[PDB]
Amino acid sequence: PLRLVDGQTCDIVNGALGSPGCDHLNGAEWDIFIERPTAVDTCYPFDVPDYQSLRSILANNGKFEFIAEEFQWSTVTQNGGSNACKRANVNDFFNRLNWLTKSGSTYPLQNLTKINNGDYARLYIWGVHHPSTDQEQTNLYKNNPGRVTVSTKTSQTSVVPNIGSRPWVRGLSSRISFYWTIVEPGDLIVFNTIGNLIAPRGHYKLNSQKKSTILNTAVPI
Amino acid sequence: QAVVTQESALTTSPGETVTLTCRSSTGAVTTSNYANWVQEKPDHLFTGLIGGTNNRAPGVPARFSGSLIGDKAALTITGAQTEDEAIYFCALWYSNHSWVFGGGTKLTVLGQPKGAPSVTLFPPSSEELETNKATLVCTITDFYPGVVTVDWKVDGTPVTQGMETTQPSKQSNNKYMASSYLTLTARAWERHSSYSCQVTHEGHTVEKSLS
Amino acid sequence: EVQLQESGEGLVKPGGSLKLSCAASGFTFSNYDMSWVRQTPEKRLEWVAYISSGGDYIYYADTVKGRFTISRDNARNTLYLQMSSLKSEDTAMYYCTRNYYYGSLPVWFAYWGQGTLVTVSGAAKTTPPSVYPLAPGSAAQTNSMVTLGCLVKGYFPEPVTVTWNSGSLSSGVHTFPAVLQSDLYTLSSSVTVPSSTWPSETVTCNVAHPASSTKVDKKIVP
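Chains as they are written, first to last, in the numbering used here: chain A, 7 to 227; chain B, 464 to 674; chain C, 4 to 225.
This is chain A alone, in the form it adopts within the complex:
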């Protein structure tokens, strides 16, 4: 019958973000997405303001075809890692996300621009890290307060981090708020931050006709 993909332990989002153990959903194509009720988070604790909306785009798109891009980030330390997101115990992070931190107490104002002139739509998923204390904010991103402002030709979005102590998840009180931005052909995107940017490593390919759907079941076909 149909082409069903089982998330098993990785949910629709953790597969898009690339949390540890979720490599098996990379390159996967499906018509229906089996979101098991037994799924668990396995990386840094996060939250998606429109979790139901973002979860919808991933399920409806019908494919996890990630495409790489090189952002020449300025002087920030790239490939950050934390012990709540261990893969093979390597302190790790989302394999689709890039955590940027200051190098020698110098986090510079960034300004990168990525253009789509192709024949597919691009899905940029990025985040904003919310430090727990103003000392943790400074130890990671020198400047205070933080700033993230991702823009297109028709959409300007600006996120201001909320510093504070949240409930303990994997023994951690900080959080990362994940957002998304869709860049249609002819449009472009502009990352601009002075701190707290959970930068992306690329974009997913979007189908112009999205016929897939999601399910939350119990067994394989």
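These are computed hints drawn from the structure, not numbers from a lab.
If you want the footprint, here are the derived chain A segments under chain C, 3+ residues with CB under 8 Å: (1) 40-47; (2) 51-59; (3) 174-180.
The calculated BS3-like cross-link candidates involving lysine-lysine, where the alpha carbons are at most 27 Å apart (straight line), are: (4) C:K68 <-> C:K90; (5) A:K120 <-> A:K108; (6) C:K46 <-> B:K535; (7) C:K218 <-> B:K596.
Label pairs and their calculated CB-CB ranges: (8) A:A94 <-> C:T164: 43 to 49 Å; (9) C:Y62 <-> B:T663: 49 to 55 Å; (10) A:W79 <-> C:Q117: 51 to 57 Å; (11) B:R650 <-> C:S173: 36 to 42 Å; (12) C:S28 <-> A:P55: 34 to 40 Å; (13) C:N34 <-> A:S157: 36 to 42 Å; (14) B:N637 <-> A:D29: 49 to 55 Å; (15) A:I220 <-> B:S558: 33 to 39 Å; (16) C:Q8 <-> A:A94: 32 to 38 Å; (17) C:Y62 <-> A:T83: 26 to 32 Å; (18) B:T663 <-> C:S74: 52 to 58 Å; (19) B:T668 <-> C:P202: 30 to 36 Å; (20) B:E593 <-> C:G18: 38 to 44 Å.
Just so you know, even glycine gets a beta-carbon here, dropped at the ideal spot from N, CA and C.
Given chain A's structure and the hints, the job is docking chains B and C onto it.
Chains B and C only, in chain A's frame:
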């Protein structure tokens, strides 16, 4: 500071809509406080109801819903059934401290018919008398609503000493049970003749006696 | 399904030490966060410990910090709580806790254990119960439903567990709460059986008192 207050008790009837609230003393209740709702079924049976202010736990029936009412948290029961009759606890996470639990709201679904207690009086056993001690046991069971009054009488005279009465308790079938004990020495057990236990419930009084 | 049960109930004296354990099953224990919550006799709930899925991050409240030490053995699926320097006001039923994060935000304290009672006050010694029976005596033949009984007098500490006929008798067992006789607890329970039944066959009372390692059985003689 950091004191969570919620209603002491609420009462309702089947099919109606009830709203339980949870106020924070530190100020307004915010999404960032992460209101949690727990239900205590009798015999220390706890089950988590609502987390993240509004997210509904897996096994929870859809009639439950949690939201934010002004500066408070709120648990709304839409179409309450008799099995909603339990104590509902609140939990707010205050960054500073941590989870702090409210007094809890005891919810009563008004339903079961007026029940008369089945009273029974038991004498002291020979094994106990071998220890020169004696304890009458009056067992009150299967009554509703939940209030009784126990008076003891020994040889016509009412007893005002050595009588020990328990608090009313729920049963399996949502009816009530209660108990009271009268402890005296074996010598005083022979030194009297008539012992009676009188359960005054809803005015009507039921007694069981022996001799 | 997901299932937690506490163990280690006992009486300790103030200033001593007691260790609680929680046997976990129904999920991969090493991937989830655990906490301990207690309930004082005043029916209030209070959080006392938290431990990460890997034990790296542990947190306590000010009420027990420095005194309580939480641990877990991910290879056996066992949650521990080492209590020490105990005070009177620690007396509570100690519950195993865990949450459930799936639909967007999580649900803290979803799934609770049965809770095991710990009595901080050392005012009295662990005194096992004497099990005395409760018989009609005045065979009135009022109705077919005759009522048997069982007295569990002067025991300490809580709790006792009365069960009839080793588990066969389950219809309306009605175990009443205990009281405080002088310094010790007394408790009773009464089962109802048909009048044709009690002349015919034996009903026996099974009284188990864990804290004093006593399980007494008492046959009711008329």
